[PDB]
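A.B. asks: Spelled out from the first residue to the last, the chains are:
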Amino acid sequence: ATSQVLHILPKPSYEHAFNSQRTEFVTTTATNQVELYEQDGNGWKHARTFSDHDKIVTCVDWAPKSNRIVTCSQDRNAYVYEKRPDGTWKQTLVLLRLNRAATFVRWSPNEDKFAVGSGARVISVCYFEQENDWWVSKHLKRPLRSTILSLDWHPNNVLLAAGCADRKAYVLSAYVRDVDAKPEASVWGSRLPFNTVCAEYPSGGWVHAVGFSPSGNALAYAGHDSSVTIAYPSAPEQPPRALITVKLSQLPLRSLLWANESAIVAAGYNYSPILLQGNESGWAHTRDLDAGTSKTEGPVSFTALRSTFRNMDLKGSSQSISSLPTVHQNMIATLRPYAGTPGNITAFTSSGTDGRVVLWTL
Amino acid sequence: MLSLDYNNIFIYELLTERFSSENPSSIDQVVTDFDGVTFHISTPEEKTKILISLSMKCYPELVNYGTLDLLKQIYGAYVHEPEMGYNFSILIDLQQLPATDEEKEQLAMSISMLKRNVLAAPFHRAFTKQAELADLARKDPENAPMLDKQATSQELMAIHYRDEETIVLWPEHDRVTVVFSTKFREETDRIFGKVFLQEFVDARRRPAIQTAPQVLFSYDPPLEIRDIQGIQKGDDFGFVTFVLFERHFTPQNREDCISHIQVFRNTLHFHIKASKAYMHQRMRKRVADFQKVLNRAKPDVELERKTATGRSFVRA
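Here the protein sequences line up with chains H and G, keeping their order.
Just so you know, the first sequence maps onto residues 2 to 297, 312 to 377 in UniProt numbering.
Just so you know, the second sequence maps onto residues 1 to 219, 221 to 317 in UniProt numbering.
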């Protein structure tokens with residue numbers, strides 16, 4: 002797998018999103034700001050900040066077809082950003098009605114609603130009313146017992162998966178009338194009203210990541226125990242066909258993405274994207290996409320003269336501290352499609368706590 | 001300081017001022033010293049006349065060892081009736097001083113030296129009686145063992161000079177032995193004091209200081226002190242013995258030897274304190290070494306240029 006480092010951000014990057022044309026990306030720095038980056042030849046340039054949040058921004062997402070950015074923060078708010086004709090962005094506060102921080106945000110596949118995970122034991126499913134010119138929030142709350150660490154939407158607009166700090170992965174209906182048309186019958190159910198519970202799958206550690214299969218017929222999720230579990234449902238009120246856990250030898254995956262119906266890429270505290278492959282008969286960790294998993312006299316500049324004396328003075332010796340062998344130098348926080356049709360992701364991007372934004376080609 | 005002064009520095013500086021002063025002001029000054037000793041310095045009837053008085057818990061024992069005779073010999077016409085709550089007193093009249101700056105200086109020194117002068121009488125009694133025993137042993141060398149055996153009990157001085165130290169001493173025809181029945185009650189000073197008392201005795205075994213008094217140490222008492230009242234073999238005391246031989250109290254050296262042996266446990270106590278300041282500088286030097294092991298976890302970034310007050314700078 003080829004990798005290219007697109008940019009190095011000055012501060013940590015728990016989330017990023019590209020637009021549909023991959024011509025700009027938005028990223029959450031560790032502050033209350035969000036950074037918008039545009040192309041600059043083969044490089045990238047900081048086009049503008051957003052700074053409407055009061056406390057640390059936790060997550061950000063960019064809607065492909067409708068070209069809107071949604072942002073979430075420890076200030077308990079969300080803002081939706083929409084493009085004006087003159088090229089500036091219109092902010093819009095969304096009243097999430099959360100008692101604690103917003104922790105994670107995702108746009109729905111039809112982009113008519115988004116969901117915000119929280120530390121408040123609830124998920125704010127947010128949709129727009131043209132009759133009021135308001136974004137309004139519905140709380141999913143019945144089975145959720147702790148911080149929601151991650152969200153994913155089923156390819157049908159109704160079902161929401163959630164990874165939770167109570168060591169469970171939930172599948173919940175986020176069906177909203179006068180936004181959704183009725184969902185088709187599925188392996189998760191057919192009688193599917195708001196906050197109906199399709200699964201409460203267990204984990205060995207906090208569920209950092211969740212992801213539906215490209216067909217929607219299975220859920221992968223990743224735990225803080227350094228495992229990926231893949232769940233194949235049977236029917237409502239019935240146990241799964243298979244509930245396959247693969248246990249990794251590395252530090253935990255924080256993020257997770259189906260490459261196709263039979264393969265998953267995952268990454269996290271191991272600093273490296275891994276590939277898992279399988280089906281309802283069994284799953285295995287099959288490759289590491291970073292070759293760095295294998296642990297792989313002339314004139315001298317003023318900045319080398321000065322830094323070797325600063326290293327002798329501040330540290331033990333002149334010798335510079337070496338890079339980690341992986342491309343990411345710190346945990347890789349998010350893992351997102353970049354190229355190929357849905358069901359056949361050909362390339363994906365990652366961003367990390369080291370501020371690298373990196374493109375990976377399978 | 002590596003060594004303690006023998007005299008009370010306040011009394012020396014105050015009398016060196018007042019013996020020179022054109023216009024003496026009044027004073028009323030209680031002044032502490034080591035070993036629970038205290039002085040009162042005052043002008044109780046005229047600014048012209050200074051009364052200096054010493055309070056010392058062992059003074060009644062010291063009077064039994066010829067102390068008043070030595071204090072009358074040292075201070076002469078300046079001796080005064082004791083002040084209430086004080087054991088000894090001297091009155092100096094600032095219009096009655098010696099005719100020279102050098103006689104005035106050695107009088108200001110002599111009065112500041114008063115704690116070691118009151119405490120010197122048992123040592124002068126031992127040194128002068130060793131000279132009698134030395135002459136008798138020089139008369140009949142085969143009778144000398146019996147003179148030394150009787151002088152070891154009949155000519156022994158014990159001074160319970162503070163509640164955690166007894167100094168015991170006696171003459172024999174060629175020596176004065178003095179034993180410090182010694183203790184530290186503060187627990188960190190007992191722990192550091194074990195190192196100080198051990199290295200003190202091992203120092204005397206090295207070639208460089210064979211000229212010194214013989215030293216011995218234990219923690221039961223030396224045989225000839227085991228039945229002295231208030232010595233006790235289980236009661237956490239160590240026993241530092243000094244054997245002063247005739248060369249350590251020769252006439253050129255008696256008064257320095259007396260001054261220097263009395264301050265033994267005070268130099269040890271002071272250096273057990275000063276060793277903590279040394280350990281603390283030894284520690285914070287290698288806190289600064291461990292900084293450099295954490296500084297290699299800071300990733301390298303250039304800071305913006307700042308003036309000496311920390312204000313931002315806009316050049317280069």
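In case anyone wonders, no lab produced these hints; they're calculated from the structure.
Some clues are possibly wrong.
Calculated pairs, EDC-like style, for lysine to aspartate or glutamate (alpha carbon to alpha carbon, straight line, at most 16 Å) [to be verified]:
{"hint": "1", "chain 1": "H", "residue 1": "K330", "chain 2": "G", "residue 2": "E83"}
{"hint": "2", "chain 1": "H", "residue 1": "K330", "chain 2": "G", "residue 2": "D301"}
{"hint": "3", "chain 1": "H", "residue 1": "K12", "chain 2": "G", "residue 2": "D301"}
{"hint": "4", "chain 1": "G", "residue 1": "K299", "chain 2": "H", "residue 2": "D328"}
{"hint": "5", "chain 1": "H", "residue 1": "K12", "chain 2": "G", "residue 2": "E303"}
{"hint": "6", "chain 1": "G", "residue 1": "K57", "chain 2": "G", "residue 2": "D93"}
{"hint": "7", "chain 1": "G", "residue 1": "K286", "chain 2": "H", "residue 2": "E262"}
A.B. asks: Could you run down the list of hints and mark each one as holding or not?
C.D. replies: Now the hints, each set against the structure:
1. H:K330 with G:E83: violated, 66 Å
2. H:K330 with G:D301: holds, 11 Å
3. H:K12 with G:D301: holds, 14 Å
4. G:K299 with H:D328: Judged against 16 Å, a Cα distance of about 14 Å means the pair holds.
5. H:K12 with G:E303: The given pair, whose Cα atoms are some 15 Å apart, holds under the 16 Å limit.
6. G:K57 with G:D93: violated, 28 Å
7. G:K286 with H:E262: violated, 61 Å
Checked against the numbered hints above, the structure violates hints 1, 6, 7; every other hint is satisfied.
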